[PDB]
Amino acid sequence: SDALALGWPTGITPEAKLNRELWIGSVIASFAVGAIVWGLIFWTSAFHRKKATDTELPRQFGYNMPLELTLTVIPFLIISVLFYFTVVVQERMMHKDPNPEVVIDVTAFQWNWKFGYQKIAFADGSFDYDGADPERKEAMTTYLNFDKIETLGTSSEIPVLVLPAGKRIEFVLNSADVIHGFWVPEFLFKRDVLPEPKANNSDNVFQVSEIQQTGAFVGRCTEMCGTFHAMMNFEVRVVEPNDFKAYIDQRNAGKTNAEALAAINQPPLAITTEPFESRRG
Amino acid sequence: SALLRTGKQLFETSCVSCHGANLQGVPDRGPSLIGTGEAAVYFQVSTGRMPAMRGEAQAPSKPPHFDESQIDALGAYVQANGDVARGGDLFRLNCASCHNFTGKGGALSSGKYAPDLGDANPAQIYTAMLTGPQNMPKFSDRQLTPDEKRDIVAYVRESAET
Ligand code: HEC
Ligand code: HEC
Ligand SMILES: [Cu+2]
Ligand SMILES: [Cu+2]
Numbered sequence: 001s002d003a004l005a006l007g008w009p010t011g012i013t014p015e016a017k018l019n020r021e022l023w024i025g026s027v028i029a030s031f032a033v034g035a036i037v038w039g040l041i042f043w044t045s046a047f048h049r050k051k052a053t054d055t056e057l058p059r060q061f062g063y064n065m066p067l068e069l070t071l072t073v074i075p076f077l078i079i080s081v082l083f084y085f086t087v088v089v090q091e092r093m094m095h096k097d098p099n100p101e102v103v104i105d106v107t108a109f110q111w112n113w114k115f116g117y118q119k120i121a122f123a124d125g126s127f128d129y130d131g132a133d134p135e136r137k138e139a140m141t142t143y144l145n146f147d148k149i150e151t152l153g154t155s156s157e158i159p160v161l162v163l164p165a166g167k168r169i170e171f172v173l174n175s176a177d178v179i180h181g182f183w184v185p186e187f188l189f190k191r192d193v194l195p196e197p198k199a200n201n202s203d204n205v206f207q208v209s210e211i212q213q214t215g216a217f218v219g220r221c222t223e224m225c226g227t228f229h230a231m232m233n234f235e236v237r238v239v240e241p242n243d244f245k246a247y248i249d250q251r252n253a254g255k256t257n258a259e260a261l262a263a264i265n266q267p268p269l270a271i272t273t274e275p276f277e278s279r280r281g
Numbered sequence: 282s283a284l285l286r287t288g289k290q291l292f293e294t295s296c297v298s299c300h301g302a303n304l305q306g307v308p309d310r311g312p313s314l315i316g317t318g319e320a321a322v323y324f325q326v327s328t329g330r331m332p333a334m335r336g337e338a339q340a341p342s343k344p345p346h347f348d349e350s351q352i353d354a355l356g357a358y359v360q361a362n363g364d365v366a367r368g369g370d371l372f373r374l375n376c377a378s379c380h381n382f383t384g385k386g387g388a389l390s391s392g393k394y395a396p397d398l399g400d401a402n403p404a405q406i407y408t409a410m411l412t413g414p415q416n417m418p419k420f421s422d423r424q425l426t427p428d429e430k431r432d433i434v435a436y437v438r439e440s441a442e443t
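Protein chains in written order, with our numbering: chain A, 1 to 281; chain B, 282 to 443.
These aren't lab readings, by the way, just hints derived from the structure by calculation.
Where a beta carbon is used, it is the ideal one built from N, C-alpha and C, also for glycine.
Treat the hints with care, as some may be off.
[What the hints assert, rightly or not] Using C-beta positions, here's what the derived DEER-type ranges look like:
| no. | chain 1 | residue 1 | chain 2 | residue 2 | range |
| --- | --- | --- | --- | --- | --- |
| 1 | B | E293 | A | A230 | 56 to 62 Å |
| 2 | B | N303 | A | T141 | 22 to 28 Å |
| 3 | B | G311 | A | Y143 | 30 to 36 Å |
| 4 | B | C379 | A | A199 | 15 to 21 Å |
| 5 | B | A395 | A | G281 | 35 to 41 Å |
| 6 | A | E196 | B | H300 | 50 to 56 Å |
| 7 | A | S202 | B | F382 | 22 to 28 Å |
| 8 | B | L284 | A | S202 | 39 to 45 Å |
| 9 | A | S202 | B | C299 | 44 to 50 Å |
| 10 | A | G281 | B | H300 | 46 to 52 Å |
| 11 | B | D422 | A | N201 | 36 to 42 Å |
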């Protein structure tokens, strides 16, 4: 249940909840076989050299050709019942859909996670923002995705990303300088952001099917960036779908997350993480 | 304030040759101002056909095209209209793409250092960032708030002085 899964958080997407169902396939495979091998090494501690079989060397047997064939196929069929479930689950992931229902650029620059919003089309067909200006992009003579509802997140603001909690979400994963990493640990999933993903034969993007919980969760950076790699914390918020429509309408007129999250009566700063004292000074 | 009579006569003496509100050297860049302001029009464009006339540091010299009262007056005449932590993060997010390691995206030899910026000061940097030079697009209003512009200007200034 909770102890057999060695510390995984309960997934909030239905694709992450499939990992935690597969992670307790440690029981069927690892801790089962890992107790058989302990059950033979600690079984040969009742086989000491006692003072009766002292002038008699043992049977001196070296080749048992039925045993290296039975105990080869049995480790082979366990990794043949794997490479089935770990192909089905990664095919449940890596999945795309031409109605993504919100598209969020993440644009991991050097050390503080500049987010941003692109086109969004709910299943009701009611919101339909669709904002990503190409005229700002033509000021750079690139691969980055610029837009107008971006969340900057300076060194003391600790960027809070807001996304609804019943809809499909797409994360276009870009980076300005170095390969960083994008890891909300509650999304039991992680993809490294690259400088130029379409030039590196990368896939650049992933999608979650929905979110099944409300609240607000931590996000960290994983692949190493440099000095302040431990300071790149972002913090998603899974607001209601009705509070998300009131988030952008306060934000489209132009405010900040200290003011846009206040109009939907939610704590404006990050509540599961906070800026570091070792970096601000 | 800046004397607009001095500003008109300075425009006629030194800028009418390439600019009649137009530009004869790069046609579209004459009535085209991005994030136009008195501070930006005052700041010497670091790239393009003509470099800023001001002598290095704003010191008196024998080849200055102008003195300070003349600059302010002309910048005003053209302008008729009729936290270092934040600074470092803003630099990395918006300017590192072309100015990584204090360098220049257009030319490797060209740099953001004071020798490259001559008579640089915080105000001159802030102004080019606001509306910007020919090489980099304007940042004020469009991309960065005043605190962010102020912080990034300070960070660039401290990095170049040290
Ligand atoms: C996509 C292009 C581009 C971006 C983005 C850009 N710049 Fe520039 N910058 C230039 C070019 C080109 C020059 C050379 C001056 C010219 O264009 O004549 C320049 C020159 C400068 C200079 C003067 C250096 C000198 O010696 O003359 C400063 C100061 C400067 N930039 C600051 C910034 C700051 C601060 C940012 C972001 C926070 C930034 N730039 C982003 C293209 C860019
Ligand atoms: C009183 C103000 C003023 C006078 C006089 C002036 N300029 Fe400029 N110049 C500017 C400003 C401000 C810019 C920055 C571009 C902008 O306005 O967007 C600039 C930019 C330039 C650039 C492009 C540099 C770059 O990197 O983008 C060239 C070339 C130039 N000027 C040439 C000249 C020449 C040649 C003269 C006179 C023979 C001249 N200028 C007189 C204000 C002036
Ligand atoms: Cu990172
Ligand atoms: Cu990192």
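Discussion item. Verify the CB-CB distance for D422/B and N201/A against the hinted window 36 to 42 Å.
Written reply: With a Cβ separation near 38 Å, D422/B and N201/A satisfy 36 to 42 Å, so the hint holds.
Discussion item. Taking the Cβ atom of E293/B and the Cβ atom of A230/A, is their distance within the range 56 to 62 Å?
Written reply: 59 Å, holds
Fill in: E196/A paired with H300/B, Cβ distance criterion 50 to 56 Å
40 Å, violated
Practice prompt. Note whether the CB distance of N303/B and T141/A lies within 22 to 28 Å or breaks it.
Written response: 24 Å, holds
Fill in: Beta-carbon spacing of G281/A to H300/B - inside the hinted bounds 46 to 52 Å or not
For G281/A and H300/B the Cβ distance comes to about 48 Å; the hint holds.
Discussion item. Quick check: does the Cβ-Cβ distance between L284/B and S202/A fall within 39 to 45 Å?
Written reply: 59 Å Cβ-Cβ, so the 39 to 45 Å window is violated.
Worksheet item: Is the gap between the beta carbons of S202/A and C299/B within 44 to 50 Å?
Response: 47 Å, holds
Worksheet item: Does 30 to 36 Å hold as the CB distance between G311/B and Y143/A, or does it fail?
Response: 32 Å, holds
Item to complete: Indicate whether the distance between the beta carbons of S202/A and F382/B respects the range 22 to 28 Å.
Response: Taking Cβ atoms as reference, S202/A and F382/B lie about 26 Å apart, which means the hint holds.
Worksheet item: Is the gap between the beta carbons of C379/B and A199/A within 15 to 21 Å?
Response: Because 18 Å falls inside the window, the suggested range holds.
Practice prompt. Could you say whether the range 35 to 41 Å given as a hint is met by the Cβ separation of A395/B and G281/A?
Written response: 27 Å, violated
In terms of the numbered hints stated before, the structure departs from hints 5, 6 and 8, listed from lowest to highest.
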